[PDB]
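Fit chain A' to the given chain A structure using the hints.
There are 2 protein chains.
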Amino acid sequence: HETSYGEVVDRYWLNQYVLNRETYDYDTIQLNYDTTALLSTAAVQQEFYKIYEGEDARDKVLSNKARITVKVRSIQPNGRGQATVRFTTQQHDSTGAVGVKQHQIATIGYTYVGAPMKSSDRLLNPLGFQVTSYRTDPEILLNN
Amino acid sequence: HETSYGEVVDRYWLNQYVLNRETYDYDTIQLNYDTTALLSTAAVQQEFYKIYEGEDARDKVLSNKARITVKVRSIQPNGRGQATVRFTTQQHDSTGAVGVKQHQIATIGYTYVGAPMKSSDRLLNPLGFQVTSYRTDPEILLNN
Numbered sequence: 089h090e091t092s093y094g095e096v097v098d099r100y101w102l103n104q105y106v107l108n109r110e111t112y113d114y115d116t117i118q119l120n121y122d123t124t125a126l127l128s129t130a131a132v133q134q135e136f137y138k139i140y141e142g143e144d145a146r147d148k149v150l151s152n153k154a155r156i157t158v159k160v161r162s163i164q165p166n167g168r169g170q171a172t173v174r175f176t177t178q179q180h181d182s183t184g185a186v187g188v189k190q191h192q193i194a195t196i197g198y199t200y201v202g203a204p205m206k207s208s209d210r211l212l213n214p215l216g217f218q219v220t221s222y223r224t225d226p227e228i229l230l231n232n
Numbered sequence: 089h090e091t092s093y094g095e096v097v098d099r100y101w102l103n104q105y106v107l108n109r110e111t112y113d114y115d116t117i118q119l120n121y122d123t124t125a126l127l128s129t130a131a132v133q134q135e136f137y138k139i140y141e142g143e144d145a146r147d148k149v150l151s152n153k154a155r156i157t158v159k160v161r162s163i164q165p166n167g168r169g170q171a172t173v174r175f176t177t178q179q180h181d182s183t184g185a186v187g188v189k190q191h192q193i194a195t196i197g198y199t200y201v202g203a204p205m206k207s208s209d210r211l212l213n214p215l216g217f218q219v220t221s222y223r224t225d226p227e228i229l230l231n232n
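Same order as they appear, the protein sequences are chains A and A'. A prime marks a further copy of an entry chain.
Taking the authors' numbering, the leading residue of the first sequence gets 89, the next gets one more, and so forth.
Taking the authors' numbering, the leading residue of the second sequence gets 89, the next gets one more, and so forth.
So that you can see chain A by itself, here it is in the shape it has in the complex:
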């Protein structure tokens, strides 16, 4: 139960993680941010929080004047606690300007630590899913 809960359950949590972390939408940002934090180890929390700190904090810069919309294309767990997630992001400014679609890959380390101590956390993270490492990179696209 620590390493994996099988492909379907691991994909559920990985999907929830990528969607909540990579989406930028003022309408849902409280939920997206809190979900991402809940599902991250302390070290990954600190990495994520920096996106929302400082002069370039994403919420300060985008405000309610742009959305970053995320489409997950595939999720491949290796069954050993790592996964890759292929996803696209695209920024839509409230003015109607649309950015170029970005093809990305998240490389994710994860584990399940057991039911959280606090009832409130346990209600939203029953198995103690925790992302232990997270990075994103451009996808390789070999055109023919």
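A hint or two may mislead.
The list makes no distinction among identical chains, and a pair is therefore deemed to hold if it is satisfied within one copy or across any two copies.
Straight-line C-alpha distance at most 30 angstroms; calculated DSS-like pairs for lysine-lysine [stated by the list, open to error]:
{"#": "1", "residue 1": "189", "residue 2": "206"}
{"#": "2", "residue 1": "206", "residue 2": "159"}
{"#": "3", "residue 1": "138", "residue 2": "153"}
Just so you know, the hints here were simulated from the structure itself, not pulled from any lab data.
Same frame as chain A, now just chain A':
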């Protein structure tokens, strides 16, 4: 695996159901509505959809001019496929008018039907959680 996945997992799904079904928030209604539909049997879907149909359709009436905020207080599964959920609702109009807090009980029948056929559904409902019956009633409050 059909009747229950244990208290912690059943509470996760029951909580998600009540929050998504009973919350009214224009900012999250697409997600709330779709989640509720996904997690309901066809018969329960038809009951839920009626809230959003006709002249008194809740989205038509409240628009983006009010929110109904939900606080779940307790969730008691019986381990046999039924649960009660104690929750409060309170309407906040965008003007600042606030309604009286409503103390409610949801009586819920549920089951798990297995991984959905469609990949898209399976990513959001990995175990095939399905609400098979759902009603809400005022909570009994015996004051002393």
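Within a copy, between copies, both or neither: which one fits residue 189 and residue 206 at a CA-CA cutoff of 30 angstroms? between (40 angstroms within a copy, 26 angstroms between copies)
Are the CA atoms of residue 206 and residue 159 at most 30 angstroms apart within a copy, between copies, both, or neither? between (32 angstroms within a copy, 16 angstroms between copies)
Cα distance capped at 30 angstroms. Does residue 138 pair with residue 153 within a copy, between copies, both, or neither? within (21 angstroms within a copy, 34 angstroms between copies)
Going down the numbered hints, you'll see the structure goes against none, and every one checks out.
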